[PDB]
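Enquirer: As a plain string of letters, each chain reads:
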Amino acid sequence: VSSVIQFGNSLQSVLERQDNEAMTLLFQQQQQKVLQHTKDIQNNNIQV
Amino acid sequence: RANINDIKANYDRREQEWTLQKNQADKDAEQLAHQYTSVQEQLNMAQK
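For the record, the sequence lines run as chains A and E. Residue numbers for the first sequence follow the entry's author numbering, beginning at 1548 and rising by one. Residue numbers for the second sequence follow the entry's author numbering, beginning at 1693 and rising by one.
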């Protein structure tokens, strides 16, 4: 039962790092999109 | 005859002044076209 409790703790750690990696990867993708629309803003700022 | 010459000379001077005012109004229109283009590209930048 001590072995079962140890691998339950390991499963909880892996299972929260998986969701944190999903959140981090989504944030990286959407910041990569925002930093392109900001480049479009700076493209119009030189036409002005 | 000298009075006739002075009347006609004043007519020539105000023709020259009209030419100056017409040219300055054309230059003001050529300014305001580009300033309209600037404000329209500011509108495109805000709309992005």
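Each hint should be verified, as a subset may be incorrect.
Unchecked claim - Only part of the chain E face toward chain A is listed, based on derived beta-carbon distances under 10 Å:
{"no.": "1", "residue": "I1696"}
{"no.": "2", "residue": "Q1723"}
{"no.": "3", "residue": "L1724"}
{"no.": "4", "residue": "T1729"}
{"no.": "5", "residue": "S1730"}
{"no.": "6", "residue": "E1733"}
{"no.": "7", "residue": "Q1734"}
{"no.": "8", "residue": "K1740"}
Said to hold, decoys possible - FRET-style restraints, in silico, Cβ to Cβ:
{"no.": "9", "chain 1": "A", "residue 1": "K1586", "chain 2": "E", "residue 2": "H1726", "range": "39 to 49 Å"}
{"no.": "10", "chain 1": "A", "residue 1": "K1580", "chain 2": "E", "residue 2": "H1726", "range": "29 to 39 Å"}
{"no.": "11", "chain 1": "E", "residue 1": "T1729", "chain 2": "A", "residue 2": "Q1565", "range": "45 to 55 Å"}
{"no.": "12", "chain 1": "E", "residue 1": "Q1708", "chain 2": "A", "residue 2": "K1586", "range": "48 to 58 Å"}
{"no.": "13", "chain 1": "E", "residue 1": "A1717", "chain 2": "A", "residue 2": "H1584", "range": "37 to 47 Å"}
{"no.": "14", "chain 1": "E", "residue 1": "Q1739", "chain 2": "A", "residue 2": "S1557", "range": "46 to 56 Å"}
{"no.": "15", "chain 1": "E", "residue 1": "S1730", "chain 2": "A", "residue 2": "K1580", "range": "22 to 32 Å"}
{"no.": "16", "chain 1": "A", "residue 1": "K1580", "chain 2": "E", "residue 2": "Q1716", "range": "30 to 40 Å"}
{"no.": "17", "chain 1": "A", "residue 1": "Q1579", "chain 2": "E", "residue 2": "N1715", "range": "33 to 43 Å"}
{"no.": "18", "chain 1": "A", "residue 1": "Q1579", "chain 2": "E", "residue 2": "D1718", "range": "16 to 26 Å"}
As the list claims (entries may be wrong) - From chain E, some residues computed to sit far from chain A (all C-beta separations above 10 Å):
{"no.": "19", "residue": "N1697"}
{"no.": "20", "residue": "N1702"}
{"no.": "21", "residue": "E1722"}
{"no.": "22", "residue": "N1736"}
Bear in mind the hints are in silico, worked out from the structure with no lab data behind them. Ideal Cβ positions, reconstructed from N, Cα and C, are used throughout, including at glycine.
Enquirer: Hint by hint, note whether the structure agrees.
Expert: Now the hints, each set against the structure:
Violation of the interface hint for E/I1696 is found here, the shortest Cβ-Cβ separation to chain A being roughly 57 Å, above the 10 Å cut-off. With a least beta-carbon distance of about 16 Å to chain A, the hint placing E/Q1723 at the interface is violated under the 10 Å criterion. Given hint, E/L1724 at the interface with chain A, is violated; its Cβ is 16 Å from that chain's nearest Cβ, farther than 10 Å. A least Cβ separation of about 9 Å between E/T1729 and chain A falls short of the 10 Å threshold, and the interface hint therefore holds.
Because the closest C-beta pair between E/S1730 and chain A is about 6 Å apart, less than 10 Å, the hint holds. With a cut of 10 Å, the hint placing E/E1733 at the interface with chain A holds, because the nearest CB-to-CB distance is about 5 Å. For E/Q1734, the suggested interface contact is upheld, since its CB lies about 5 Å from the closest CB of chain A, less than 10 Å. With a cut of 10 Å, the hint placing E/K1740 at the interface with chain A holds, because the nearest CB-to-CB distance is about 6 Å.
Range check, A/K1586 to E/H1726: Cβ separation about 25 Å, and the 39 to 49 Å hint is violated. Under the hint 29 to 39 Å, the C-beta atoms of A/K1580 and E/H1726, about 34 Å apart, fit the expected range. Separation of E/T1729 from A/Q1565 is about 53 Å and conforms to the stated range, judged on CB atoms against 45 to 55 Å. A beta carbon spacing of about 53 Å between E/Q1708 and A/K1586 agrees with the range 48 to 58 Å that was offered as a hint.
The hinted window of 37 to 47 Å between E/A1717 and A/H1584 holds, with their beta carbons roughly 42 Å apart. The hinted range of 46 to 56 Å is satisfied by E/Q1739 and A/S1557, whose Cβ atoms lie roughly 52 Å apart. Here the CB-CB span from E/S1730 to A/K1580 is close to 29 Å, well matched to the stated 22 to 32 Å. Between A/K1580 and E/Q1716 the beta carbon distance is about 49 Å. The supplied range of 30 to 40 Å is therefore violated.
Distance hint check: the CB atoms of A/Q1579 and E/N1715 are about 53 Å apart, inconsistent with the given range 33 to 43 Å. Separated by about 49 Å at the C-beta atoms, A/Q1579 and E/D1718 break the suggested range of 16 to 26 Å. The Cβ of E/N1697 sits about 55 Å from the closest Cβ of chain A, beyond the 10 Å cut-off, so the non-interface label holds. No beta-carbon of chain A is positioned within 10 Å of the beta-carbon of E/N1702; the least distance is around 47 Å.
Interface exclusion of E/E1722 from chain A stands, the closest Cβ pair being 18 Å apart, more than 10 Å. The Cβ of E/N1736 sits about 6 Å from the closest Cβ of chain A, inside the 10 Å cut-off, so the non-interface label is violated.
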